[PDB]
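**Q** Residue strings, one per chain:
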Amino acid sequence: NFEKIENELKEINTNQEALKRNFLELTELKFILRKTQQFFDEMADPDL
Amino acid sequence: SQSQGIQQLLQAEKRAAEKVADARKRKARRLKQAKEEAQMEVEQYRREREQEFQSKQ
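Sequence order for the protein chains is a and N. Per PDB author numbering, the first sequence starts with residue 100, numbered consecutively. Per PDB author numbering, the second sequence starts with residue 3, numbered consecutively.
I should point out that these hints are in silico values taken from the structure, not numbers from a laboratory. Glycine residues also receive a C-beta, built at the ideal position from the N, C-alpha and C atoms. Check each hint, because a few of them may be wrong.
Stated by the list, open to error - Once the Cα atoms are required to be at most 25 Å apart in a straight line, the calculated DMTMM-like pairs of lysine to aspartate or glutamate come out as: (1) N/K34 with a/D146; (2) N/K27 with N/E38; (3) N/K21 with a/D144; (4) a/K134 with a/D144; (5) N/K21 with a/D146; (6) N/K16 with a/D146; (7) a/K129 with a/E110; (8) N/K16 with a/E116; (9) N/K16 with a/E141; (10) a/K134 with N/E15; (11) N/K58 with N/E45.
What the hints assert, rightly or not - Chain a is faced by these chain N residues, among others (derived, beta-carbon under 7 Å): (12) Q6; (13) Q9; (14) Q13.
Given the sequences, and given the hints that come with them, work out the whole structure.
**A** Below, the structure written as structure tokens:
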């Protein structure tokens, strides 16, 4: 019981680390994507 | 303004794309003309030596 308790605790900890590491970068990417639409939409009547 | 100027830059690069495409079109046309003109001169020579061959006959 105790061995597994420790194992799963450590697993969840490392997973939290990895998930946060990915999440922060992807969130900043979302924000840049959003604001870059306003940057682009000065005369963006053509398709691209 | 920066956004308008940079969009005008995207237009500038589309102009560059047009220029390079024009270059490629010119090259293809000129190469085809070279091929055809060489073929026609070859035809002239072919007929000339046919005629000389028949004269010797």
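**Q** Hint by hint, which ones does the structure fall short of?
**A** 1, 7, 8 and 14
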